[PDB]
Amino acid sequence: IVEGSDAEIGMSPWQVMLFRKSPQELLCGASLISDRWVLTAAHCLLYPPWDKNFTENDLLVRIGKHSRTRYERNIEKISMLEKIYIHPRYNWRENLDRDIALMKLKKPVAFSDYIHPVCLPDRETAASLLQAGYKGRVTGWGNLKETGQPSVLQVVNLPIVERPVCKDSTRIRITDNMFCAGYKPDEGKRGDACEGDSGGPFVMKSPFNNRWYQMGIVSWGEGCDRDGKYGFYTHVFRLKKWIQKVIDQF
Amino acid sequence: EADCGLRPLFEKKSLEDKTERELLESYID
Amino acid sequence: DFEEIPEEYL
Ligand SMILES: *[C@H]1O[C@H](CO)[C@@H](O)[C@H](O)[C@H]1NC(C)=O
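Chains as they are written, first to last, in UniProt numbering: chain A, 364 to 510, 518 to 620; chain B, 333 to 361; chain C, 62 to 71.
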C-alpha cells in the first residue's frame with residue numbers, strides 16, 4: 364500500500380496473509396469470508412507467464428495478523444489448505460479477467476477479537492455502494508513504494531472511479547468484472563495498492579446496516595500510485611454466482 | 333455468518349475507527 | 062526476515 368497508514372488493531376479482522384512455506388515469504392493478501400473459506404486473487408496461485416503455479420501444500424493462511432514479519436503468538440492462527448478453486452474462465456493470458464479464487468481450510472478457524480469474516484455483497488448492496496466517488500478501503504502488507519516493506523498492516527481509503535476514466539487510463543481491455551479506484555491527479559490526495567497487496571480486499575461499510583462488505587479484490591495496476599493511473603479490482607458481486615456454486619458444491 | 337462484517341473491536345462495542353467517517357461522507361445518497 | 066513459525070504448521 365502506497366501512501367496509506369498503519370492499520371488500527373482489529374480494524375480489518377478478515378485480513379488474511381497467504382504465506383509461502385519454503386521459502387518463507389509473503390505471497391499475497393486474501394480475506395476471510397467464513398470460518399473455513401478464504402477469498403483471494405487467482406493470479407496469487409496461477410500465473411504461468413511468471414511460472415507461478417501453487418498447490419495446497421505450498422502454502423499457509425495466516426489470520427488475525429497485524430505485524431508483517433513476526434509470529435504473533437496467542438493472536439494469529441495459521442491454517443492449512445484443503446483445496447484451491449480457481450475460476451475456470453480466469454483470463455491470465457490477456458487481462459486478468461475474472462481474477463478470483465477460493466481456498467478451503469482443512470479445519471475451521473476460531474473467531475476472536477482479531478479474526479472475523481467480512482460480508483459478501485448481494486445485488487442491492489453492490490448497486491447501492493458501487494458508485495463513482497464512493498470510497499472503499501484497501502489493506503495489505505505489500506510494498507510502500509513502486510520502486518520498502520511495512521512493519522504493520524497498511525490501510526488506504528480510495529474513491530471508485532467512473533468506468534470511462536478507468537478505460538481511458540489504460541491500453542488494457544477492461545471488463546465488466548473489474549472496476550478501478552484511486553484519486554485523480556487533480557484531487558491532490560494519493561494512495562494505491564501495490565506489489566504484495568494482491569488478493570486482498572477492497573471493502574465498503576454499508577450506511578444502511580453498518581456492515582462491512584468486500585466489493586473488490588486487489589488485482590492489477592500499472593506501477594503503483596502513479597499520477598493518472600488507477601488500481602484495478604475484481605468485481606466480487608459480478609462473480610458471486612461462481613462463489614456460491616463452489617461453496618454449495620464443496 | 334449472520335454476524336459478518338461486524339468487528340469485535342469496533343461495531344460490536346460501538347467504537348469507530350479513525351477514518352471510517354471518510355467513507356460515510358462519500359456515500360452521498 | 063520473517064520470524065520462524067511453530068514447527069507444527071510445517
Ligand atoms: C501448473 O499447475 C499444476 C501443477 O501445480 C498443473 O497441474 C497445471 O496443469 C499447470 N498449469 C495450469 C494452467 O493449471
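Among the hints, a few may not be true.
[To be verified] In silico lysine to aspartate or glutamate, EDC-like type, Cα no more than 16 angstroms apart, as pairs:
{"hint": "1", "chain 1": "A", "residue 1": "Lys440", "chain 2": "C", "residue 2": "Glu65"}
{"hint": "2", "chain 1": "A", "residue 1": "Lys440", "chain 2": "A", "residue 2": "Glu457"}
{"hint": "3", "chain 1": "A", "residue 1": "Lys470", "chain 2": "A", "residue 2": "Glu435"}
{"hint": "4", "chain 1": "A", "residue 1": "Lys469", "chain 2": "C", "residue 2": "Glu65"}
{"hint": "5", "chain 1": "A", "residue 1": "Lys554", "chain 2": "A", "residue 2": "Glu592"}
{"hint": "6", "chain 1": "A", "residue 1": "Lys508", "chain 2": "A", "residue 2": "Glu371"}
{"hint": "7", "chain 1": "A", "residue 1": "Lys559", "chain 2": "B", "residue 2": "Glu354"}
{"hint": "8", "chain 1": "A", "residue 1": "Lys469", "chain 2": "C", "residue 2": "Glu64"}
{"hint": "9", "chain 1": "B", "residue 1": "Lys345", "chain 2": "A", "residue 2": "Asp476"}
{"hint": "10", "chain 1": "A", "residue 1": "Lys384", "chain 2": "C", "residue 2": "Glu68"}
{"hint": "11", "chain 1": "A", "residue 1": "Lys611", "chain 2": "A", "residue 2": "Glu487"}
{"hint": "12", "chain 1": "A", "residue 1": "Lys440", "chain 2": "C", "residue 2": "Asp62"}
{"hint": "13", "chain 1": "A", "residue 1": "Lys384", "chain 2": "C", "residue 2": "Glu65"}
Hints listed in this document are in silico derivations from the structure and should not be mistaken for laboratory results.
Going down the list of hints, with the structure as the test:
no. : hint                : verdict
1   : A/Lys440 x C/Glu65  : holds (14 angstroms)
2   : A/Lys440 x A/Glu457 : violated (36 angstroms)
3   : A/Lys470 x A/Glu435 : violated (20 angstroms)
4   : A/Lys469 x C/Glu65  : violated (22 angstroms)
5   : A/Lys554 x A/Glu592 : holds (15 angstroms)
6   : A/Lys508 x A/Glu371 : violated (21 angstroms)
7   : A/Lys559 x B/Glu354 : holds (13 angstroms)
8   : A/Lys469 x C/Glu64  : violated (24 angstroms)
9   : B/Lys345 x A/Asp476 : holds (11 angstroms)
10  : A/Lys384 x C/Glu68  : holds (11 angstroms)
11  : A/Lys611 x A/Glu487 : holds (15 angstroms)
12  : A/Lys440 x C/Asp62  : violated (19 angstroms)
13  : A/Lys384 x C/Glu65  : holds (11 angstroms)
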